Amino acid sequence: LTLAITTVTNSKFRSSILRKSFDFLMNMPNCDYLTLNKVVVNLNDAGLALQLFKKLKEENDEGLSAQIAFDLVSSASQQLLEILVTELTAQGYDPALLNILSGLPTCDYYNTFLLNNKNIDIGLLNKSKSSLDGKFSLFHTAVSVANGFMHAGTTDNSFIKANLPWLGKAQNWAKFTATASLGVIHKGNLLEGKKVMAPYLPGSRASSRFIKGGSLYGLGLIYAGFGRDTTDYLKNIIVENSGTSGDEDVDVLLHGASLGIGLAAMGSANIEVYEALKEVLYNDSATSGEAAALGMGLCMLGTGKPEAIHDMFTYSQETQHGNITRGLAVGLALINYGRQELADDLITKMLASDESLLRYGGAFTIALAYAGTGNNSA
Amino acid sequence: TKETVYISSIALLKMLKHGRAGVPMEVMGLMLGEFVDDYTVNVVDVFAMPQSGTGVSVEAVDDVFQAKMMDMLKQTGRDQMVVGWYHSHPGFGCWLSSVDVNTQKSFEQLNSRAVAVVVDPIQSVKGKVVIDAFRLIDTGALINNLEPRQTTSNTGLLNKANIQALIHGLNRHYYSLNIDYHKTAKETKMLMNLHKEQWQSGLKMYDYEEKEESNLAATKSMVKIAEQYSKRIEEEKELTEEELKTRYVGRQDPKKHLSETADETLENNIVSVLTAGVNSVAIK
Amino acid sequence: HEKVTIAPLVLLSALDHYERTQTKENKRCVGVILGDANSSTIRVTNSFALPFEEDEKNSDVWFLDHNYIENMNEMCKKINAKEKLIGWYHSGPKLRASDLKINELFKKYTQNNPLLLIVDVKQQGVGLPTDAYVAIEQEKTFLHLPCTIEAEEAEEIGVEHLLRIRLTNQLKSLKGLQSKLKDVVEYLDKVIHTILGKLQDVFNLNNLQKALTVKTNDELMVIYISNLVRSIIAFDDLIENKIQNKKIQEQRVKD
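Protein chains in written order, with the UniProt record's numbering: chain A, 190 to 567; chain B, 23 to 306; chain C, 5 to 142, 151 to 176, 188 to 215, 223 to 235, 259 to 308.
Bound conformation, chain A alone:
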């Protein structure tokens, strides 16, 4: 497994090698269950993936079937997680192993392990954020985002709740970090994560519509990859505002929605979210127009859609907007992931152009596709 990745160039030849090792390990004579896990993740084959669970039904072990289930959900891509949940249900499953692949105990590992022993060292933390209330949002971001690191996963709102003054000193754009910090702190909550943003959710209004946009972004960090339940929730908000906008803060509400729907659907190809964010790009929005391209690029990860490669690239030359062109440049980098030489057609167009934003995203396009095994050409 290790040598063939850095040696065999053909993807189909190394694909057959992983299939031969599955037959010798199929009988499971107390053999390695981790080797079979790396086979189904690299191949992403629904036939070999569901076949491993069928063997766990014949030989019944609750400790052996668990270690396989918890290992697959962590190492799987977004497309394979749907096979282990949606496709597995149609062909039959294990009621004990279904909740594991859905991420319920997996997200508990992030919440429970970090909550037992957590030392934030509030002594040195207070001196950093008590220095000044000024410096615009540069100071309020540094104290809020760094604080969200220590409490990440433990669901502690003490920065927002227990400390009143640091929240009020923030401006309209500075309240985004204070709200998005809860998405980092409460990350891993598949049930009460919506109750954290409950006062800022749509229909409950807010103190302002600038801070309201940050609530839709906090749902993206917590539910990322599991956000299938929040897919239709975050999509309907964009469709209502997809027509036009009469205010600046309305785009801020859709700004966090585009980044929120992008993280929940991240890695999964969705034509509905792509077409919903495509109409926002037609309006040529200065604020929400950049997040619309970032939300589409996260859905195009992996193979992606070849038609969306030239479509998003054409809109970059037609629409000359600061945030828009830079947002499309990153979106064109995310649409090509692991393609290696298959992305050279888009890389050549960016290197030949003298635009600063096209060359900014052209480097990361090489970084995403040529990652893993090193390439002397890249």
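Keep in mind that the hints are not guaranteed to be accurate.
What the hints assert, rightly or not - Below are the SDA-like pairs computed for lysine to any residue, each with C-alpha atoms no more than 20 Å apart in a straight line:
| hint | chain 1 | residue 1 | chain 2 | residue 2 |
| --- | --- | --- | --- | --- |
| 1 | A | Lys383 | A | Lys424 |
| 2 | B | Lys253 | C | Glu57 |
| 3 | B | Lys96 | C | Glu57 |
| 4 | C | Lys82 | B | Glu48 |
| 5 | C | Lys195 | C | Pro133 |
| 6 | B | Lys242 | C | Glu272 |
| 7 | B | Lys150 | C | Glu165 |
| 8 | B | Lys39 | C | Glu57 |
Simulated from the structure, these hints should not be mistaken for lab results.
Let chain A serve as the given structure and place chains B and C on it in line with the hints.
Structure of chains B and C alone, referenced to chain A:
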């Protein structure tokens, strides 16, 4: 929030040329462009304006001469909406304009995005093209839109910011100067064919063909004497310090004539190839 | 003859007029320039545009307004008094009836000969997209004048901020010799005499070269004197690192 102005390569050169002549002489000009608040900012065309007796002021703008240019600039696409004005002043430590002070407030009534650009160097440019603009603040900078989220803010580090006399406060209530320049495909190839290092163009095949061959009478004529000049440069150095120490006060003396005579041999090797490159059509 | 010196700002802004309106081949823009035409070297310090309308299918259809120039000149009088109209420029390589007639309208406000400039909007081939021509009669004859690019001190410095040997000439010299072969073939089809009579005299400039071969190697031998200097330079290249190489063994004892 504060605007980020992107000035095209064509408009940046016109504003420097109009406010060029003289230190004391002040002029005025108008800026055109089409952009939207917060991002999308741009400057398309700029042109000079007629000056009144008060110099830079709000009443110095003549709408009669301005309306006639709108139909003239519309054919080539130069006609846009007025995005502000640019001016030239001798310059001081603070308030570069000795005339215009509060007139910018009258400019804000007509356009909220209009600014006044003043050229600091006045033919002092060292190549960085440092220009100064202004934006009205009045009551603000407390619980309002957050300007310093864009680029290069918190100016005034130590005693050196821009002019270095302004430091933090700048002109009025920290207007937070933001200026950027950009170029297009047509602007990139045109400048390289006009001014890059020195302009030899207009004949591409005759550049090194005319200069390194037909110009030998004014350049390499009496090449036997020219070879003696290469010896005098080496004799000026090699003859001094042969001990590789400090006696005659020299160090790089062997490398002083090394790089100077390297091009002389190189140029003689280039014309040597171009000598056979004349292509006299000899053969047999 | 005379000389023409055009600032890089005029040639840079003239090409921009084509892209902004997405002008097709049926329309050609015309504009004016300023400077001092009194001396023998024409200097262009300014340029403008004009609302010029023209029909492509009919060469007898053109529209030019001189009242817009009058209102524009009065604005320049309050700005720069030394700027007067030295001529005008038009877009496109083709010279039709509409382009040749309008040259007389600008002669009313221009004392000297108005400068003729043919602007290439496609910038296809070689350099100098806009050629400088002069109008003179013996039928109007347009002669080419030397084109030089020289600007002021502040203008040349500002351009460097925007952009911030032997093989180079040979690459453009190969395409120049091939283009001259096509100019003779294309001119032959147009006839079936004036240019051919001049080219034969220019081409006129081994019978007498039997004894002229010695002077070729004599110049190459003087070049070899510089190659002996190159050998001395190579001998000096051998002395440079020996200063460092001997200090390497000196550091072995210290360390």
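Hint-by-hint comparison with the structure:
1. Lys383(A) to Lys424(A): holds (16 Å)
2. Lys253(B) to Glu57(C): violated (67 Å)
3. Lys96(B) to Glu57(C): holds (12 Å)
4. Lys82(C) to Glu48(B): holds (12 Å)
5. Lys195(C) to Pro133(C): holds (16 Å)
6. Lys242(B) to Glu272(C): holds (11 Å)
7. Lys150(B) to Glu165(C): Holds, because 14 Å separates the two Cα atoms, which is no more than 20 Å.
8. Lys39(B) to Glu57(C): violated (30 Å)
The structure shown violates the earlier hints numbered 2, 8.
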